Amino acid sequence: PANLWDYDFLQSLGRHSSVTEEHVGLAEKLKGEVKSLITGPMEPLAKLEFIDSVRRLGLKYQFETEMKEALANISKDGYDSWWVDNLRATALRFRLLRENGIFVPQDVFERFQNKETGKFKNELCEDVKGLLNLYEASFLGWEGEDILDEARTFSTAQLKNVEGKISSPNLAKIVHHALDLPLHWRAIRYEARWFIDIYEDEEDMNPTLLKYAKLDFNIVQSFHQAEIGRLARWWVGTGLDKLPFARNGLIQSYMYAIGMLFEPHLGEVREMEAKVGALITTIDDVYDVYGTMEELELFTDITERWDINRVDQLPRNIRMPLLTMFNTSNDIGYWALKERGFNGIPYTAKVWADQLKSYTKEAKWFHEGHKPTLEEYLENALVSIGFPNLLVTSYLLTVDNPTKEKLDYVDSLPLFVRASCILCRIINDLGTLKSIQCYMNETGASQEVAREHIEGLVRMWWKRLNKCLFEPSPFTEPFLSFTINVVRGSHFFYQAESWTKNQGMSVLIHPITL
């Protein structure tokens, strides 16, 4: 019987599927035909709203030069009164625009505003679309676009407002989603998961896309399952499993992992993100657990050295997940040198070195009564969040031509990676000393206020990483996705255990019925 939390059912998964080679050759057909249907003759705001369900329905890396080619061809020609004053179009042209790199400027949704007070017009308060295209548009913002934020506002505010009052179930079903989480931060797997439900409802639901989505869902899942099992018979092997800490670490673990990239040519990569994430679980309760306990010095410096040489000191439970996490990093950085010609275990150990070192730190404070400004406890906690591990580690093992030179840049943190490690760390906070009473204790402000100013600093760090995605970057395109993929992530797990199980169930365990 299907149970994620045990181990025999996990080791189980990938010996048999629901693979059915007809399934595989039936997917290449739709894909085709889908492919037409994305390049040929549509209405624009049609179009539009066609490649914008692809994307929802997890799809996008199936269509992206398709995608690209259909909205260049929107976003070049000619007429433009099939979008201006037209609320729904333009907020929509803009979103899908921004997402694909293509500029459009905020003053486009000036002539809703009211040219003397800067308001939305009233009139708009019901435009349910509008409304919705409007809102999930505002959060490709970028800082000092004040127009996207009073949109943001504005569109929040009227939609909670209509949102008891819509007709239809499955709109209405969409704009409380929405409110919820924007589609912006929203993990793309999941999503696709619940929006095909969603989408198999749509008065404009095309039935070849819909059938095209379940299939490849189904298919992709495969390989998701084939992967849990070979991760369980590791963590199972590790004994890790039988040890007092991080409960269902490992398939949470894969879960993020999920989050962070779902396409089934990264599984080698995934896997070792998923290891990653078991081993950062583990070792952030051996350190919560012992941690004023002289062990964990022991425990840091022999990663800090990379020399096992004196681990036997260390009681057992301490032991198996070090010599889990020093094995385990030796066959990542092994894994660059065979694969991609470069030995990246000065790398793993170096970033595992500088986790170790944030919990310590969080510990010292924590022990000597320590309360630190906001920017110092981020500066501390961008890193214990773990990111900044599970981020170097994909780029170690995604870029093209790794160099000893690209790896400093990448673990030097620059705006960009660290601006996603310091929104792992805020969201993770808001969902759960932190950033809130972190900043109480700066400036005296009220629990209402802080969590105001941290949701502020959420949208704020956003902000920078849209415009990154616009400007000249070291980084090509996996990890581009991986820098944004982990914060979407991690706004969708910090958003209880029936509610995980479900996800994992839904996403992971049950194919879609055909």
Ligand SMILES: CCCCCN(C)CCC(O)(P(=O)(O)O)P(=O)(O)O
Second form
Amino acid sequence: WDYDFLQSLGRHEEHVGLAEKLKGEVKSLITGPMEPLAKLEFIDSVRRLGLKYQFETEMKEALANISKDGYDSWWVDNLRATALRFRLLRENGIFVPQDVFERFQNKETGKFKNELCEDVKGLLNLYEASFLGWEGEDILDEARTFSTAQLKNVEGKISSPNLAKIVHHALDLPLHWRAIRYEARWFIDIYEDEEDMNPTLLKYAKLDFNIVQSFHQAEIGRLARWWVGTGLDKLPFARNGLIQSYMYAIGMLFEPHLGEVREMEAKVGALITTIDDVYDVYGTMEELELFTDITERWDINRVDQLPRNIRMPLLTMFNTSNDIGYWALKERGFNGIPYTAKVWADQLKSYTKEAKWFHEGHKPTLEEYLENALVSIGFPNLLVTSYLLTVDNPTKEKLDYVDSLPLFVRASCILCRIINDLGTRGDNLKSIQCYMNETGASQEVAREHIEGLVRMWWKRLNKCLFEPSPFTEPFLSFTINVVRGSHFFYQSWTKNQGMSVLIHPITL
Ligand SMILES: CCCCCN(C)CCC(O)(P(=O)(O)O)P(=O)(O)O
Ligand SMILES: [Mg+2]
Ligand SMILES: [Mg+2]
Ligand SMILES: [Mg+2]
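Given the form deposited without ligand BFQ, corresponding form deposited with ligand BFQ bound:
Complete assembly follows, chain above in first position.
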């Protein structure tokens, strides 16, 4: 990554009329007659190509009327149709019971019938649908285990390279857990080779992708300029994480109309990865204690006591925090500086508890560690910032409620932390080793336990999305998509993902 070259991008196309024509056509298709299984497959194709943000209402209405049609003959007895309907309806907020899978099980033992290994597409759809489940839905747990076992069994026996690629991709990460934009870039190429491929939808996908990528490149140019202006790229003992943070933010939100929010999120992310290193890599406890005190008091009057290599990240945090709070004051009429200050103070207190534990040789339980680490991962900061920047009529009360980390937000933060600990030269007190110290458990027993925690908290997020809350569409999607971006990173192979998504356009 030549940041010299990324300041280039965004400085330097009219396909927008054809884009609007293709959008009207795809929209008519979504409203079109569409025998119901074909309509489901089309809606799911539109989603996988990253186009749901264009056709929100049409997709919702189409799925709502599919749910309310008078007859079930078109999907019952059909595993692919049953699973796809389950998943899409339950993604749309329309509950479907797990009972619909019982007719594919041996009615005595509850096991899915081994003969289903003859239906690869149905197995894939059952697999994908299983990750829409909640706690206590045992049929969906069984569906996950069975489908994964069978798919890995037959992956070597599949001779269609396209379907082998799809099966391998699903085994890497289920669709429910995948970052939308990167998955869209992958599935454009995949969809171009599918059986019932619709060329109108494919062309619109490619064109819309290039346009959104143009917005992204302008954003990257501005952010690289700012980041060089901070001088933080030239820190020897701190990660140069501007482009990594922007990739995180793309996973969190990719819509062009949210661009400015992205930039701020990106900024915060960068600073997070810098300050963490200040706390994890190169910093005296006296230096970090002073860092934390200054941040808690929001008072930079004694900042010159710090060496300039620490003084620059601290003051960049300070000034960017004030800038974002003032953006809130100006554009939303609400001074957000106290809340950016609060979230940074809380995150530095979490960093401080972690560093103090290390120096003390403390070995916390997994629960204690996680209580601190859902904050130290930084996503309370990022999510409260996104809420500040996007909520209608911001108030002290709304901000206090979101910053209290209710179950929905707290589950997303926990997931980000434990996913990063599964993906992880620093502080070796992470999730796995905390559990090992707790229970004396094995390396791999602890790892599988943490993976089970991943599944459990995803179940809780799924059930949260069905339950009333004072949160609305954009923040909802933010909360899910930070977990998806975490899955994206801690599965450089991430570098070439950035090249394919943010740098190179799609040839048309
Ligand atoms: C974009 C904001 C999240 C990016 C990841 N941050 C660096 C978190 C820091 C960590 O996760 P990292 O593993 O050091 O990257 P930590 O485990 O030290 O808390
Ligand atoms: Mg770290
Ligand atoms: Mg750390
Ligand atoms: Mg770490």
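Throughout, rigid core stands for the largest set of C-alpha atoms superposing within 1.5 Å between the two forms. Numbering follows the first chain given and starts at 1.
Just one of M205, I308, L415, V289 moves its Cα by 2 Å or more between these two forms on a rigid core overlay, and this residue is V289. Core-aligned CA deviation for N248 between these two forms: 2 Å or greater.
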